[PDB]
Structures are given as C-alpha cells and as structure tokens.
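**Student:** Given next are the chains, with one letter for each unit.
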Amino acid sequence: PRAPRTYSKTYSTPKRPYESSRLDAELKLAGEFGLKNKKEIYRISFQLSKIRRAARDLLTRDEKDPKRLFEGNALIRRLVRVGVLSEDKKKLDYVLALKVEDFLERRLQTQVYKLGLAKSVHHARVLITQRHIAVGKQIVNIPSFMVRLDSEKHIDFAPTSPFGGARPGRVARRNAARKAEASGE
Amino acid sequence: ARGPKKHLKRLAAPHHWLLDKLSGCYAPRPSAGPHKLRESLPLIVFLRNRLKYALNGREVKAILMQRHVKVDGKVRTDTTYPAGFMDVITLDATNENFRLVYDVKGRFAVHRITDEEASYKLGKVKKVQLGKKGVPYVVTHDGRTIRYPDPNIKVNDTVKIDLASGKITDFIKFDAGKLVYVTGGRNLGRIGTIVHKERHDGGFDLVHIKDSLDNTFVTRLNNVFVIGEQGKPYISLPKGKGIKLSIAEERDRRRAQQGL
Amino acid sequence: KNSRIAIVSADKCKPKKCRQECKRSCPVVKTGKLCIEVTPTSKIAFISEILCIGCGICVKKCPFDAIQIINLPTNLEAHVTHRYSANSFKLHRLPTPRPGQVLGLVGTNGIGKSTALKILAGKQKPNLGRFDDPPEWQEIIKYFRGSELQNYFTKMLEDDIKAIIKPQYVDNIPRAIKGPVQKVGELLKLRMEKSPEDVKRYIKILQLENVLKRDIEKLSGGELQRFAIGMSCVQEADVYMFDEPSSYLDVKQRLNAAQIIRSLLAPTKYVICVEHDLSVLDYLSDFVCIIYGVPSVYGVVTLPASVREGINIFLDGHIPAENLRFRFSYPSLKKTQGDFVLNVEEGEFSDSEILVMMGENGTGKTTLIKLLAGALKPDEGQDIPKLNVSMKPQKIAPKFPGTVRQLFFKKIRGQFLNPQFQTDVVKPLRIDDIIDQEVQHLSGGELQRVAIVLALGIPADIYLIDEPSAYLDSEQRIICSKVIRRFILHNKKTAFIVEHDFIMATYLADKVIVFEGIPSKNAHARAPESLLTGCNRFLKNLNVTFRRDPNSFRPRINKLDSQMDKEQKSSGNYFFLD
RNA sequence: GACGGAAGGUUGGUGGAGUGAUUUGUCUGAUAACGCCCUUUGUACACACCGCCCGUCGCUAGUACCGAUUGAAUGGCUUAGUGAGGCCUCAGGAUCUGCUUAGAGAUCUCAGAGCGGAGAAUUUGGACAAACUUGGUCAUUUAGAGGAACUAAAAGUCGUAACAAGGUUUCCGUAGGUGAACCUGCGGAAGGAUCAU
RNA sequence: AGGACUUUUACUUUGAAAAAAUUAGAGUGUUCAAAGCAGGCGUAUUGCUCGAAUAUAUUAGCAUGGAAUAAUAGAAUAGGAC
RNA sequence: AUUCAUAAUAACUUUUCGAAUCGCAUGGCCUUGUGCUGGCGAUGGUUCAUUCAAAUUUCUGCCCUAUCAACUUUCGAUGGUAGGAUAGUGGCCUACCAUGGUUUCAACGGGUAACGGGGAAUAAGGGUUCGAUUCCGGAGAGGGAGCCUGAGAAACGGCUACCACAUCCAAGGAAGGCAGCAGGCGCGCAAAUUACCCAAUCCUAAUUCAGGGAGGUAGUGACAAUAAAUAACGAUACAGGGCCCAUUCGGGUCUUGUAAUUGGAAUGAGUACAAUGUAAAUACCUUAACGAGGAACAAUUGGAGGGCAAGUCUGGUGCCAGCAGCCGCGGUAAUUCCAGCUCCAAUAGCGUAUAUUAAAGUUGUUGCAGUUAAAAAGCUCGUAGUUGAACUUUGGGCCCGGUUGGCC
RNA sequence: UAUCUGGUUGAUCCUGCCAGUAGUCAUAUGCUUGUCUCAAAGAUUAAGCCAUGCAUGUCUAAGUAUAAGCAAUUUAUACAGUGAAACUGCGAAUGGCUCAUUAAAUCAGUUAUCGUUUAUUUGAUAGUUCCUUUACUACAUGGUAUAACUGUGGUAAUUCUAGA
Ligand SMILES: Nc1ncnc2c1ncn2[C@@H]1O[C@H](COP(=O)(O)OP(=O)(O)NP(=O)(O)O)[C@@H](O)[C@H]1O
Ligand SMILES: Nc1ncnc2c1ncn2[C@@H]1O[C@H](COP(=O)(O)OP(=O)(O)NP(=O)(O)O)[C@@H](O)[C@H]1O
Ligand code: SF4
Ligand code: SF4
Ligand SMILES: [Mg+2]
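Residue numbers (the deposited numbering), protein chains in the order written: chain W, 2 to 186; chain S, 2 to 261; chain h, 4 to 330, 354 to 604.
Keep in mind that the hints were calculated from the coordinates and are not lab data.
Calculated cross-link-like contacts (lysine to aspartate or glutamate; reagent style EDC-like; alpha-carbon spacing at most 20 Å):
(1) S:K245 to W:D66
(2) W:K68 to S:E250
(3) W:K65 to S:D253
(4) W:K68 to S:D253
(5) S:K161 to S:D73
The task is simple: from the sequences and hints, build the whole structure.
**Tutor:** The following block contains the structure:
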C-alpha cells in the first residue's frame, strides 16, 4: 500500500446550535451575499479562526524575533494580496480584529455584483455556477474563490458562451430556428 | 527477518532525493556499493528527477545500457548504483561532466564541472593500516584503497585521487587555515575552515567551524571533511558557496530581488 | 435469503452424559412447540426439520460440538440470470467456463443445464427475469461484471469466440437440415476445416468404419449420437459444448467418446459437458459443477469441484455452500435391410415375466422391436402378438403444438386409477409443471417421462421398451425402474426391456438375451439364459468390467487394464453381491 | 406557614438587615425605622395529622449468591511411566569403482587374492523433543434440584417504631430477648424539650 | 606534547545527536478548495530559470557555558595543606 | 587503552587458493613455423577493507492489581574455576567450589476485550482516551518440536514426524494447508469483484528484449473528506421609498414583499458524432447533434410545552393507545399522543444506538472537598517515604566595548 | 474556538449527581440520494475452516545445445543463423498478509563489539604447487560420470518413477 493522500475538514460547527442571537445575525449574511448553506459561513469563520490563532501565537513571542517577523510579513502579505486587509493597518495586531463580512466581500460571487452588470448577487451566482464569466483567459465556475486583487480589473465575460461572443445558446436556437424561421415552410 | 532487505518503499528512503509521495509505492533501493545507503544517491534518481533526461525507468536503463554515461570513467550499467559525495559522472552527451557536491539544503545539485576537473576527485581517509606483507594502505569514504601511501597521510585527512590511476597526487593535513567542507546532518553542505579541534576521550570529536560571515557552529568530525587551502579550494564549489542564508535573506533574494 | 436448519448426530453425541442443554436453551422449545425432542436415554437427540427457525443458539451452547448448522435450498429473488415469464422455470448462476479442462455440469433432470449451455453459447440470451428491450447486452454485462464472464460475453458480442453446440436431442438434426448428399463422406467434408489428419484420427478412433457409405436417416440413434458428436467435433471453432453426449450408447463406446472430447481441450480452449453419469464422468471432465434446486421452478449452480470429490458429494448430498439431499414363444427369424444381416434364434417368452436385452450399438436389438410392432417383413414365417402391442420410441423430438395436456387426452386418466403415474413421481420432484406446459419446450428426462407414460396408457399388456435411461440420472432412473417392475409383475404383463445402463438392467433383470456380432455386417440374438452368464457374454466381447462401490452399491467402470481388471478377466465375474 | 397529647400571655411607598427565601416596619410595656388570637421555640408535614413514614404477612416479575450434583467440558502446570522423529556419533556393509605381485593364447573380462576409494538399508549410545497414558493441581466459562436474600411494587393484612416532651426524649456501642416494627439492661453522646442560681 | 591532581551531583543557557509521513508553516495556476510539489519565463525556431524551506521533536544519553538556589565535604586520634 | 595491525622463528594439515572457463576483433613481430607475443571484455578466484546487513549489547521509560509480601535455589538459582559448544562474549552447557541474587523507592504471582513505537481523537493551559490499520521494528503462518540446502531459514506458496481437523480410494496407499490476491462457509451489529494489466513505481534473474494479483488500472463503495446543481431575469395587479435632468403637472432604470397572471434568456443533470484520456478501456476534461417552464429534471431528515429555534392552529383519541434521553403529557375543550395545515433546524444530507473526548475545578500538579451535606481514621509511638533555620565575597572603581532610539 | 442549561422546594441558597450540548480517520444501523474531486473497506466474535484458479522464476556479444526442432548455414564434415527441453549457475530468506502470544520481553532514543559472521557490489589483491622445481605423467591443455534424449514398462492416483 502507498502513502495516504492526506485530508482535513474545512467547516467547523458551533458549540451551541440553537441560539437566538447567532441564528438571526448569521442568516442576514446568507441572505445578503446569497450563501446557500450555513456550512459556507462556518468555513469562512474557520479559516478566519486559524488566522486568528496563528496571529495570537505570533504575538505571544517578543518583537524583533526571527519567527515573529517572517511569518508575520507573509501572513499579512497573504491577507493583502487577497484584499481582505487594506494597506493602512499592516501591523499584525489588526489581523486579530478583522471580520467575516470582509471575507464574504472578497468572494467572487459578490465581486461580480460589486463590479456590476450582474444586477443581483443571486443572478451573479447563477452566472458563475452556469459556466459564464472568467478571471482572465481562465474560466471560473465556482461562487467561492477569493479574488487576488490584481485579478479584479480582468474580470469579464468569457470568450465562449454569449455576452462575450460566440454562439447564442439553446433557447435562442429554438426561437430562431424551431419557431421564427420554421413558420415559413 | 531471515536475511537482507532487497525492496525499499517510499518514505523509508531519505528526504534529500526529492522523491514525491505519490506516483509510486516503492523507491529505488541503492545497490550495495562504495557509499552508504542513506547518504548516497542512485543513478536513476540523478537521471529522471534531477536532470529530466529520462521519464521512465525504461528510458534510464536504455541510456545506461549503451555505455555513454559512466561514474569514475567506468562502464557502471546497473540501474540503482549508489553515486555518493564527490563523484565524477562522465557522459558522452555533448561532452557534459558532473560532480556530485552538496547544496545549501543538503541535496545533490546538478553542478557542472570543467573537463580538467573531471580527471581527479577527493576522498576522506577513514583508516590507515598495514596490509599483508607489512604494506601500509589507506581507505577513503568510497572504499578506494590505495597501496603504498606517504607516511604523512594520517587518519581524518583528505586525499586527491586521480581516477585513471589509483594513486595519491596530493594530500592535505587536518587543521585550521584550510578550507573545510562539512557533510552529514544539520550543518550539511557548509564551509568554514575550522577554528579549532576538540579531543574528547571515548569517541566524538566535535570540531568548531567559522564560515565567511563569522556565523560559527560546531559539528561532529565523522561528518566533517575538508577540501583545500584558504581561498584555494581544490574543487569548484556550487552556487551558495557553503554559507547558508537565514530565512530573511531568503525572502530578500529568492522571492523579491529575482522577480521580473 | 436461506433456510437455516439444525442437524444432530455425531461421534459420542451423548445425550445421557450432557444434561441436555439443547432442550434447555432453545427458543422454540421455550414457546410451546417441541422442536428439539430429547431425554436421559440410550438414543440420540431428535431435532425437527420444519420447525427450526434457524438462530443457531443451541449450537453455541451445546457442551459437545455435536449439533452443527446447515442451510436448505430456497429461492430469494437473488442473482436471477433468466426466467421465461412467471409460474415458470428460472435460473440463477451461469459460470467459469474455466479453460484448458473439460467442465462437468451435473444435476437431476429438468434443472436448467441445457438452458445454461444455450446461454453460454449465445443463442438463447438471458433476460435477468425481465422483459428486456432490443439487444440489451450492456445491461447484462453490468449485471455480471466484477466476474469472469464480463470478458467472455464482450468477446462474444464481436464474434471473436465462435459458437458451437451438440444439441440435446438427436432426431431433430437430420430432419431440420435436409442435406444434398448423405453418408459421412461429403457432409463431414463441408463441416470440417481444421485439417485432413485430425478427422481421419477421429473417425478411426471412434471405431465406426461403418457409416462411411450410408445415409444418416437409416442410422440408429446410437450410431447417430456418434455422428452428432462427430459433426460437433470437426467444426472449426473457439468454444466447444456437448449437451448430453453419452446417452443411449455402448459402455465401450462411451469411454472413447469421452477421450475424443478430451482431444479438444488443452491449448487455451474452453469445453463444457453435461452428463447424467455412472462413473464415466471420471474421464469426461476435470472440473465437475453441480446444479441444485427444484425441477422446473428454480435452479442454482454451485461453484465447481474436482471430479472425484464432486461425484462423491453428489451421492451423500451436503456440500461447502448449501445441502441438496439426494440420498409365450417366438421362432428363429432371419431379417435383412440392405447393409445388414439380422438373424434371430428361438426362445421361451414366458407369461407374467420380464425379458432383458443388452448389446453393442448395431447388434439389432432395436429393429426387432419395429418388426414385432409393424413395419416390414417377413419372407418366411412369424408369431403375431396375442396381447395388444405397446411400443416405445428412441428418436424422441416430437411435435404436437398447443400443450401436453391436450396430447394426454389421446391416452386416458382413469384405468388402474390408483397412483401409477403419481407413484412414478408426484411429491418430491413434482409433476405439475410437466402435466401442464408445452412439449416443445420440455427437457430430456421429462420428455422421456412423457414416453414412459405412453406405454401403461393405451390398453395393452405386451410391451416394447428400449432406452428409458435416455436423458435420466441415478435419482430419476432407479425409482422409475422399480415402478416399471412393480407394474408388469403385479398385474400380469410381459415386457422386452432394453438398457445400456448397468443399474437399470441388473436391479430389474431375471432372463437375459444377448446380442452378438459386428455392426453393419451380422447380428445374432442368443437365447435367454441366467443373469450372470448372459451378462458375462455381453461384457466379454466388449472387454470392460465394473466395481461395486462398497458403501453405497454403485457401479464404477474400470480403466481398460488394471490390477483388479485382470482378476475379473481371469475369474469371469463382472457383478458382485446379488 | 401548618401542626404539637410544647411554653407564656391586613397591605404595599421609601429606608435599612440579608447572596436570596424574606424580614424589619406591621414593636419589650421605647424605637432601624419614617411617614379563638398572638409570641417564642420543635418539625423528616407543605394537597399541611385525616399529615408523613417504619417493619411482620400474602402476591406478579426479575436478580445475583449458595448449590443437590462424590455436574460436565475445556484449558495452563505437573508426580510417575512411555516416548515417535530427524540430527550427532560407536558400528554395518547390499552395491558401484581404481590399483597390484597375478591369470590367457604377443587402454583383453578369462582364476582369485590383497591394497583402496565412493558408499543404501539396518544399527549401539547421546543431546534435542512433538506427543501419549496415569494421578492430580489450579483456573475458566458452562449446566441448574432447591435454598437464603434483595429489588420492582397502581394506592392489600396486622401493627405505630421514628418526624412535635410522636405521646416510654432520640441515637451510638455492645449483651440478651422478641413473630413485627423493636424492647430491655450497661457506658457514652446529644445533630435533646435545658448554652442559666 | 604533556604528566599531576582540582568534594561530587541535581538545576539551567547553547550545541550537536536527533528516519520520513503526520503536526504548525514559506511560494505556487489542483479553474477556488481538500490536495500536490509543482511551476514561471523566452523572438513560446533548436532556450532561460527560482524552489521542494523553516520550526516542532517532552523524558534517556552526550558536549557546553553558569554559578543562584538544594544537597554533598576536606582538619581536632591533626598517619593535615605549603 | 590491548596479547592490535604486522612481522620473524619451531610446527602440523586429515589439505583452502594459485582460472584444464568463455566470447568480440583480429592483428604486431621475428633467419618464416599452424612459430613468439598481442587488445576489448564476461564470468570465476583466497585474503584484506568497503557496502548490504545480521547477531548480541550499554543506559533510560512502559497498562491495572495488593482480597498477589516474599520469591529464585529440584533436573541453573547469583558468582568463581576450568573445559565443551557457538561465527562468535556469556550459566549457553558440563564437573568442582562458594552461598548468593531480587525486593513494599514496590519484587514474585494474577489480569489485560496489551504486538511496541512513529501517531490519532480532543484541544485555553495542563491533560484524558485510542493506536489491528498505508512508515520503522517484532512475532507467526492450524498446534507444537526437529532438520536439509544456502552467505542468509529453524524458512512453511521447503521437508520431517506426532496431535487436531480433512480429501481421493481399486483399501493397496496417495496428497493437505489462503493470517498472499479474488472468493465460499462459519461467526456475525458489522466489510467490496473467483475483473483487466505489467504501461507506471520498483524488485528478481546468467538480466536494456523475461517474470512479478509486489503493485497499478477499473468496478462494488453515504467509512471518512473537498467543491457544490436542487433555479435566475423581467412584464402585468397590489401597500409603498420615492430616484434621473431638479423647467415643481415628462417616462421608466433599483426596487421592499405579495400574487400558477405572463415574455423571453441562460444553463446544467442526462443522451451522444468526434477527439482526448489510457497497456486497453470506463470516467474526467472537451464539444458537433440533442436535452426546463411544472405530478416537469418535485429533497429530504428530525422537531414545533420547557430545556432548544419554531403552534395555546385544525379534527380524532379520552390515563386507554401512545409520546417521553430528563422534567412530565393522556380521566372526553391534549400549545407534548394520532393525523392534516403552517412554521423551525440542518440541507444531498440528517436521525438512532454503543465507546469515547470536552464541558467534568464530578479526580482537581496547575485545580476539589473533608464542623453540620460523602468524607479527619480512638489516641500516641515509630521504620521507609516526603520535607527541614540561618551562615562560608558583596560593593567600589578603571578602562575596553556591542545593542536600542533622535538632533549629527 | 478559557461559555453552559433543565431535573429534587410551598419558594430559597448549597453539596451532588441525572439528563441535555458539540466532536470523533470509532463503528453499526434507519431513511433519503443528482454532479466533481478524493478515498479506507473480514481488525474487533474467528491466528475458525476453506471448493477452485492464480501469487517466483530466470538469458545476454559472453557457461553446456548433432532436439531425429524451425529456417536455413552460402565463413564452416569441429557447432559457430534461431532455439523448446534439460544440466549448471543464480533467485525463491525480498515482498505481501495478519496480530494470536508477548509487560522489562518486544519496543523507542542511545552507545558498543579491542566478544563476531557478512553472499553480492565497490577497490585492492597469490609470477616460489611436476616440493627430487635429475626425466615426471600431456600442459598445444588431460579423466569420471550423467540429465534431456531413443526405446521397453510399472501403478487407481500427485509436477510417482524403474530399468536398458
Ligand atoms: N422456452 C421454454 N419455455 C418454457 N419452459 C422452459 C423453456 N425452456 C426450458 N423450460 C423449462 O425449464 C426446465 C429446465 O430446462 P433444461 O435446462 O432444458 O433441463 P435439463 O436440466 O437440461 N434436463 P436434462 O438435460 O434432461 O437433465 C424444464 O423443466 C422446462 O420445463
Ligand atoms: N435400410 C437400412 N439399410 C441399412 N441399415 C439400416 C437400415 N435401416 C436401419 N439400419 C441400421 O441397422 C442397424 C440395426 O441395429 P439396431 O437394432 O438399430 O441397433 P440398436 O438396438 O439401435 N443399438 P443403439 O444404436 O445403441 O440403440 C441400426 O443401427 C440401423 O441404423
Ligand atoms: S446434542 Fe448436545 S445437548 Fe442435545 S443432547 Fe446430544 S449432547 Fe446433550
Ligand atoms: S436451531 Fe434455532 S431452532 Fe433449530 S433448534 Fe437450535 S435453536 Fe431451536
Ligand atoms: Mg436438458
């Protein structure tokens, strides 16, 4: 037998499942950004959790330490390239603060809506999950993504499928051919 | 378990062959050879993974079986032959020559060498005793015994070997003021000339070493192996020069300065 | 899924010593109904069959390990390779046409074997007990993937394994294909491709040298079974199948048939026999593969065994998987046709008694019967039957479209109305399906049993019977024979019985007439003498001998020459323990 | 609060006392207060003495333990006796095969005898040691005659032993007796109804 | 090169000696991600090219400073140090 | 550090080695003969080192149990002498001699549903539980014991016998082992196909050209994970914010929701030409030709008294049937039962068991409690164990001199 | 992501459990089931038993090939193209599988063999053996067999084997 392909779960469930404060507040996010499940929210809060604990572990050691410097600069720069944390607070103490809202803002589901063109966030999600849109030459079909700052200006419709160009589609084929042209025998 | 182990899995083999976890269960066990199992590097590993010439084992065998390539300027047709530290891999592919020397991270880089350097190699003398009929002899790290040596050559010293002939062209004594490479373990693939030696009765002579930046350290003498005189190394060193940069200098040079 | 049942007797299965825990801790015993019946006593623990739910709780906590646990045969919509529709026969496992060795395939009659063979050939394709769409090979492959036949069937799809089968029945092959020319001669030449030498070897080692100038229709079923096998053999093909080759043939001529089948096997070829055998399956096959179930309802095929071992398990019954139980006067007439001299001797054809015939195929036993009934002859003298003549045909491949019940109205069910046909078969193996259903689709032993009824059916006493063992096995043969004997002895009749089987002759016999002479030349019928001397006469000429299996009373043919064989040759006796 | 077969003769506002329950006010006959009834104590009751609850007795179901069985089966250990099998040796030499004085007529067996070598069975004695047979020995699940308990009781039968000085203050330790709670001695304690002449 | 002896410990900084895989973790285009150790780059026409780090790894054994805390002693028959 | 490497004498050998081996190209020479020399290898060859290892071995650590306090010493116990035996040291085993070795800082026995590690689960920190399982090491191939052969075995896809099971049979004998792959039976609460293939990654061989269920490739696969379709956009009729140029009385982008009223648009799931993929296919990734408007191509699984989020809605049942992890519901108006309406949770995934971690500061070293709630032993002595006053050189300077931050 | 909440009272505060709660590379089991990637999967009772098939064989320029094989040697009446079979030499002690026993034993880290075996690679390595090297037998290199093979069989049978 060969070595195992390693794995570990990304979502992390809450402790108290029925709570009035959490259920009401978390569902608003889901309604605004258009998240299908609570699992996605929990995933985002798990990544965020990992970042937080890492930052705490960096901060327990002294300043001007080899471990604290390097890791801090790379963590911070990772959080900058994705665009969650802006340029003003690049201090390592600020990454402890942060919030889930910023993370969901940085998802490609809503970055199409924040650009515009897709009207509603739900519509944008539909566009993404139905093979439309692209980061550059590379096509993307997944709502969750994290756009990497430089990628922002290159987001547009893909060459394949309409809006960008190419053929019309199925419904339009049926309207143009099976209905409109087929009237004349 | 009832005799020698012929098979060898991935994972059990050393980390410094850069063997990917997947794309196979097993690894090439190095054949019984000059060098040890864990330190050395198979020829297959040197071909398909490092140099990228061959893809499969098939291709490697087809390259080796037509002579062409040769360790120590000798046929060497077996697939998993242990090419270890400081060995000349002579190829007929556009007159290319290769020396196995350690890197910053304790690996075997594709370090090319001149046609003049291909003539000779080095070797750490491990013991010197009388053989039969009172004839003295030395033994290098790769088992290359040399009959009728110079009495100056004592244990722990280096010998320059001529390959074409089993002879001693030169010898270098073991002390400070010499360029001193270091193999084995934590400080593997570094150079710092020796500051001073330490005796310690009952084995293990920890030597003190001081690199060009004066970041001193200590290593065990068994893993220490010298090279040449101060500012005059008898072999051409690779990129890095046996210094070892910290992670800060790495993030300055290897992911900031080098970019377009 | 199965019916688990308990079993009891053992070596010192001691009820007196144990304080009977079986009784003490069984759930059925402790809820009214006595399943396990025992006491401190001299006998064994008695345990029921019908009651036992299964469980196995007594097994665990019986102090000695006397009581084992068995599983009985029952359908459970499991596997199902094919049905026909409903209230009909179904089949579950068709299997490993394992190559490089001949594969025996054994069972009591009307169990599926033939159907399975057809399925393997790719003529009558399976349907998984469903009413499939146009060529649904895909689905069936998916059903029997994860197993060998995936490869086999896919190969068949692109005819890279060419099909061939020896048919079940013999009378259909000459009638269906009306050839331009008969004989072995040209029709064999058109069939064969293989080579010139192998065919010579076959026809020569088949010890015929008879029917080289003669039409097939004239040939008796025995010399005809032989031809059928020859036509199957020489045909150039990848697959090879022999659906019941060794029926109504001589004991000597069976062995060499088997060894010609053997010829094909070795170099990456697959062979599949079916047979109801004595102990001649020792040479036919290497891999015996028993099938169990209920006749004409369901059939399940067990994974293959070694021949020796498999035959030995067929007898007792239980196996590593399941448990199928199992255990006045006439003158000297001189008769001719064209290429034959069929002479007969005078004899005493006594009242209220049987008469046993034996002989080599082509010894003239059969045409005699025709002439007695009515066909041709004589040029000088004969004795007409006193009693109303009753006849049995060998070449049975009949055609009465509609159903068997309709055809049964031509006889009558209301004579010696007390069992007769029910005493033949009714409780264990059943006759309901055989009494309904078409005769076109009926199998060997059941079709043969159709003709066994057409005998004690029309009002008649004097009886002509040749080859009832055709398409029957040790289960169906012996009881049937016993019933026949009970019929013709009790109510006063006379019957001329003719058998190739040893057990079906010797368990009945008393007066034994013996045929003698070479085929397509001569024929002499010797007078009825004792059972011993007559049988010796029958077998001295054929040059083969038997060995009674000491535990079970069962015949086992010898290996041409051997240590015991030579003693029998020198002594003379070919039948021990009368 | 309620009760006593114990002793004596209404309610919020604000404020204190308390972690509260709440109490104080709404009190000895002045002042943490300002504008049958009662008090104190005892309480295992709180649908509130008709209250709770303790046991002898009958009754369904289980539960372990004890165990008639000089149960039975399976295991490890072992007294005594027996011990195959190879392996090592003392022997043995069926047979095959070299040499030679020597046999036969000019790398020829024809007589044998010596000198050897290879060498199968069989074979004395050893160490190794699987087993087997007898006495046991301990352990283990495993049976289950009937015992002596314990529970789980939908609110039975006789009693009041405790919770009020439960109407013989209450228990502890032991001894004796009693059908049953228990009772009665001896010494102690009070988680007594006395912090006091 | 050395010979001669410096009461011994525990404690603790540093260092090696410290199999990979896993664990935390640096870069990366698995389309994101679990992953994986790939990949970037040219007139993508005979080529160029960084990287597969780093730490974690108690106890036990070694070498190594340090003398605080906690023990342990040479000298009161002075066959006691110079 | 040596009686070491090594040498030199006196010896013995029952005899180790010193190529009677094989292939490619065929020359270079000489007073010229099938003459003298001759390269490139392959495989053998004794010793020495090297490698692969192997075997023993130092110290240090392991799960519960004193209703397991004395064990080991007989035919080995601890030590010594001398031998034998091993590749070897050594009670490993002999003969003699000595009387030791272990231990309550817990030996010896018993249990373990105990192979040991690397690790896994949980996590504030400390911990507790698991580790048959993909790597290292060990052990065993039904139970034991013995042995041939090889460098290497006490080998089991080698052998030998005895025990237990169990096969063919002419009764004369003969052959057995899956805890390798795939399966069949048993036991089960519980687990997959008698499939293809050496193209990979290795390994073995006299070896680039063979063989390898080592392994790899499909299938079966809700054990676990990752991503993530289950529908978006308008128009019309409603209660509205009211916005764009602010020419306040011009028409519709954004709309907050409710409306089987309606018009197009975009797709997948799925069918499949082709190609890719591959040892060869199946998938994936691609993509011609097709494939959404409702019983369409419909998503459930648990709940709705409190804990815990959501119902005092509608009918049946009437302490019955039942629900209920806990408290408790049901005696005829049930916000707990049975259904239906509507709602809530999680959402291609939820519920139910048993084990376990956290919360459990309900094991507590960090970090519990012991007047009355469970708990301080009747009291004292006393060995082990644990702990145990202070006191035995600080200060002062002189320079040399690196690290912090700002005028320079 | 250092968290609690209902259950004993008429109401209170406590000790103290009970139940809830989330996780599980810990399993089963119920219902439901479209896609992609990725995947453990007869361990737990039972190291209980197993039909049957398969899992270790092995060739180059280079050990032995009058196969009475194939296709021909066109350099071959020494073989000297290819090459089944067998002999020889290696391999079969690696692997893969399971965990039953086993508690200072295995085991980890850590030394040591100046108490040793080590096939094979790897590098070195015996000109002195006709011990009468004065004839001594050939060293232009010599003897003993024996499988495959041809043919005669034995047994019911196994990758049983007997003679010649
Ligand atoms: N086409 C058909 N229609 C109806 N019934 C059929 C058909 N084919 C077979 N059967 C039944 O299936 C049973 C078994 O068929 P088959 O395999 O031919 O029997 P069998 O076992 O070969 N008999 P035999 O060869 O004599 O032992 C028979 O009893 C028939 O009644
Ligand atoms: N007209 C004819 N000419 C030549 N031969 C014929 C003719 N008719 C029949 N025969 C054959 O003559 C033979 C007589 O033998 P017959 O009595 O049939 O033997 P049988 O009992 O059938 N034995 P079996 O073959 O084992 O059944 C048969 O085999 C017929 O085939
Ligand atoms: S079977 Fe077991 S229990 Fe039933 S009787 Fe025989 S022994 Fe006693
Ligand atoms: S088997 Fe099941 S049923 Fe038949 S006896 Fe034993 S227990 Fe009673
Ligand atoms: Mg049939």
